[PDB]
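K.L.:
Given chain G's structure and the hints, the job is docking chain A onto it.
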Amino acid sequence: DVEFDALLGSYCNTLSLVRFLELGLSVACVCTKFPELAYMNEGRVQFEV
Amino acid sequence: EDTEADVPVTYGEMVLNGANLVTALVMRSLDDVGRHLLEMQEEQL
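Same order as they appear, the protein sequences are chains G and A. Residues in the first sequence are numbered from 51 upward in steps of one, following the deposited numbering. All the letters of the second sequence, read from the start, carry residue numbers 296 to 322, 327 to 344 under the deposited numbering.
Same shape as in the complex, but just chain G:
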């Protein structure tokens, strides 16, 4: 024989969804996304001082 059942008093927490923009660290970034980065060779960023 074998048996089965399911509780009605307690339910799990499977996933803990952590978003990066929920964190305090997301100040130190500038999170701008490409949907095309793999197509790109050397990109450059300019500074004038």
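Residues from chain G that keep clear of chain A, each with C-beta distances beyond 10 Å, as calculated: (1) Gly74; (2) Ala78; (3) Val80; (4) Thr82; (5) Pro85; (6) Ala88; (7) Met90; (8) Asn91; (9) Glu92; (10) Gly93; (11) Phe97; (12) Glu98; (13) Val99.
A few chain G residues facing chain A, derived, Cβ under 8 Å: (14) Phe54; (15) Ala56; (16) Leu58.
For the chain A half of the interface with chain G, some residues (derived, Cβ under 8 Å), not all of them: (17) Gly313; (18) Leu316; (19) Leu329; (20) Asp330; (21) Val332; (22) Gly333; (23) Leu336.
Rather than coming from a laboratory, the hints here were simulated on the basis of the structure. Positions of the beta carbon are idealized from the N, C-alpha and C atoms, including for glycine.
P.N.:
Same frame as chain G, now just chain A:
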């Protein structure tokens, strides 16, 4: 004693008796997990 006999035609079939109970939800009270089970059981009948 005889020549022409009778033979069954249709094959025997099977029925699912018992299974692992596995479900999920995306959080609607907390009992709906339960109610959805009876749902997913009522299907197999």
